[PDB]
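The chain below stands alone and is given as structure tokens, in the form deposited without the ligand.
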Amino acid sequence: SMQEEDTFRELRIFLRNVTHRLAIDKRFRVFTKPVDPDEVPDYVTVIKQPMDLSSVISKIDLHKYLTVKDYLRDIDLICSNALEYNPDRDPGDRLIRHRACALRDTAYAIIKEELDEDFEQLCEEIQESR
């Protein structure tokens, strides 16, 4: 229905706005672009599903997210991948892990404040109907 297509357009507007606000934060710069496989060829041999904020933006636009739960699965991957690939005690690794955790915490706090639970419930009921 046009009502349902209006619902998903509003979801995509909301997801673009959250993602833009994560992407412009100086702490999250390293998560805005894919890991360069030339300059880091080991990444793909040890991380199963790479994710970054530029790939989240592409997926919003290709209509890959039909719920906020689906979007948060990708934000969680950005964080868990950073923790996996940079596990050591050196300051370079500790700083990346601190910034990865702050990304996930910031995304969850925006959504907690700004997402209406009835709007997410409607997205879920339309998704389960298809």
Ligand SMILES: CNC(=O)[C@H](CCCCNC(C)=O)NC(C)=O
Contents of the next structure:
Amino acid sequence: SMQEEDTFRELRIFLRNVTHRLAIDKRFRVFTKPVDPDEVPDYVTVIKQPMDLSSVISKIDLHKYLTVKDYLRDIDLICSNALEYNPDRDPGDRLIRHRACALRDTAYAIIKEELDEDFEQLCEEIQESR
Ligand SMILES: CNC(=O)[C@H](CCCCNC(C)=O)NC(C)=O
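Show the same protein again, this time as the form solved in complex with the ligand rather than the form deposited without the ligand.
Okay, now the whole complex, with that chain kicking things off.
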């Protein structure tokens, strides 16, 4: 229905705003674009589902997220990819892991403060009816 279309449109607006706020944070610059395959050849071989904030925006615009739960799975993926690809004790790896965990924590904190639980519940119930 048009009411359900309106619900998912509001979801997309909300998700774009959250994503923009993460993307403009200097700490998360490393997560704003895909890892360049020409610069890092072995990334695509190790990480099976690459994810980054530009790709998240693309997926929002393609109507791929029908719930905030599904969005957070892709935020979790950005984080888990970083931990998987950069597991070593050296400062470079530890920095990206800290930033990845901060990205995840920040996204969850924004959603905790600004997502109405009844809005998410509605989204989930529309999704299940599809
Ligand atoms: C020129 N690039 C490199 O040397 C790469 C850099 C990888 C950047 C890691 N980014 C993320 C998002 O996990 N490092 C190696 C070990 O392949």
